[PDB]
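Before any questions on how it binds or moves, here is one chain, the form solved without the partner chain, in structure tokens.
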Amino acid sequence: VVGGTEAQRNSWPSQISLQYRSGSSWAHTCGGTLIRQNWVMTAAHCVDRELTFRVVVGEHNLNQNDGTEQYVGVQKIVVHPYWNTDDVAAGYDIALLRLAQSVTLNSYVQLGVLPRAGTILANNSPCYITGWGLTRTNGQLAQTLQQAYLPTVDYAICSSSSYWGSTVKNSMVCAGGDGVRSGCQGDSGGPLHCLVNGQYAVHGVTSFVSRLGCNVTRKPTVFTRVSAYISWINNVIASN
């Protein structure tokens, strides 16, 4: 997250860190959202590589003992069947991870609430992106979980020529684009939390930013629209 602030440790208890094994250690690669005690929602592109993955819930600082973490292996990966890694613009950037164990819920570890199917946010709706992604274009991962206020940019504006044009689909949510705040590499897969009727829900799964840079004016961060995938999510969980 470029232009973020450090999240309070109990603000976003559904955020997870998706990590891969690298040598004798683990490296953060993506975010995700805990949606069942044994299921995480993330981006398909986060699991393109044939890596050993684990999830950390209750994570705040990637580099220090928080005293709240639960570390759990990924047991099964279900990528959306229409995902194509060389066509992120097509959409379908979503995957579910079944965890090896069911995590224990507490103020640091909660299920993310998803929107009702079909819900589309009005332009300029209030949301926060969260994650440990780079803090500057071509920078480094955050140590502490970051949040940034990224209002939505509706489909009509986001798909206009000076924004994303044809690259954005109605199955996506755009947010931000102010040239200051954005997602960045390592935020992928994590939530866009939007406040509606007094409650935050996870309306987005972070999918992509401009190839030119993270915080580029009129290139809002682009998310998979969770509310387009409610049936898909429910079907996967019911069949697994």
The other form holds:
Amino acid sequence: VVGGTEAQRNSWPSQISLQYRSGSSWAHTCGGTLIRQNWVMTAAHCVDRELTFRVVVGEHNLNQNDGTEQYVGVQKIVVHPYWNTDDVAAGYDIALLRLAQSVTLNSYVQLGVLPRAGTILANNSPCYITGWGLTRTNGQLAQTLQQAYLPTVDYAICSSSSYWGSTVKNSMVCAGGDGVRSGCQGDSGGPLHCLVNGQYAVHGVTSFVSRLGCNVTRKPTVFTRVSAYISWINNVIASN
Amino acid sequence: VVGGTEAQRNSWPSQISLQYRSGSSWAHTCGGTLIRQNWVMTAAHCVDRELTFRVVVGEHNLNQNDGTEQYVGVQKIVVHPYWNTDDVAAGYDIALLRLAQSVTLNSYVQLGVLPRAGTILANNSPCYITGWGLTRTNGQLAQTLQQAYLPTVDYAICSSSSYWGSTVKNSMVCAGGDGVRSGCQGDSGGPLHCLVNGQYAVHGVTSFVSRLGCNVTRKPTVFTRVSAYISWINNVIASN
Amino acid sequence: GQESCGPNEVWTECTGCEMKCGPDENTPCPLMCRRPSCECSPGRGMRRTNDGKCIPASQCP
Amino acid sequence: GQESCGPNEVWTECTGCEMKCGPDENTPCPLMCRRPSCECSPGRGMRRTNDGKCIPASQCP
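In place of the form solved without the partner chain, the structure of the form deposited with the partner chain bound is requested.
Then the entire complex follows, led off by the chain already shown.
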């Protein structure tokens, strides 16, 4: 989270923390979003590793237990079939995780809403990015959940020479790029919440930034476009 | 080397230290053997990755400069084309390294002599292992060059169910296994000198041990068989 | 070992290979040091669970 | 900067991407932390040489 502010407690009830075990504790590594009581959505690159993972729902402050959280293990993992570790710029950065138990819904824990299949946002639409990532290029991880305002940048402008050029594809969404606000290490895993008709929905999964840094002018944060994979998502789950 | 002694000052003239750039310094990572003025024999797993390396000839004490050393950079790496990082047990653990300049031969620096193509040793043949590796399982690296007497274990006993089983192939050689003496981490890449009709020659390249530990009864140290790859060697050298 | 290791783990600068309950004794370990870590070693009679912790071999099934 | 780092390097617990003299600006970096280390950062105006050192981008060729 570069350039935002602290979110109000339990405000984005569908956000989750993804951790791996290490020594006496559990370390935060990526974020993601809850779509069923026993399914989570995240990035492929977060789970290409062979580790021991868990999921926290209802979280806010990572160093203290305040009473709203629930801890659950990861039972199974499906990565999109075209994913290639060697080329993030090729697209397909998406994954699904089946949990070892069904979580309890409540005021602090709720499901995220998905976009209709095929939808495409206009230039400059309003969205927000949520996270536990660094709060400055070369900084340190955040303690409590952060948020920042980050509007859309269309395909025609995003994929031009002064921007990202051919690195960008039609399966992706850009946002931000003013040099003030963006993504940052530890925010990988989505979500990107966008307003449509006065209602919110999850239109992106965070994916990458430029190697020069986190907040760079003309290099907006890049996300996998959810509306492009609606069929795969439903079919995987139904078949299992 | 577990269970040995300090070598006499420069008694194994063709032994080298393969080091990598670390922060302000250079760190020991493997051994290897000098075969020409500008070529060295080592293991594939030692050079599998992106690193900056150099080599040192006429060394003894890694922590000091006695006046015998020559430090040179590595200019080109050639690994066996069948090598597969994901499977040491399959064999092929061998690579060639071309140096930026030729070293000066002298009393402290000499070439290793290779065996006739296809040669095989009888059970219990007399050999020594040399190196800067751990002197004890879970211990630390040596400061001076160590050696140990390690006789061979023939293919028929080595591949038996009480020994290594099918993990061992005919392209390797076994030595040691009394539970007292063996190679240990930091010894990879180095020589195994053996006697035949009163003359020494290099018959293996240090490869692996057991996951249970360094010196274990019934689990001899495993080496690549040099005599199975003499013509590949010659070719590589001739065309580069 | 070090302040961040959990039970039965020991901090080393020269890491080797680890075994789960179940692996066979004839599996290979290359003769090169790995990156520093909080290690569960077989040489001290320990093994890893499916879940990732470190326990004595005598508690493996 | 931390005991084993070389000139221009800074030790960090959450490693990003590094760049050589000449890479293009439109190459991606995933937003996941990498292993702790002595990093050469582009965010500080740094670049890696081919023989592994760390220099200021202006001193490039």
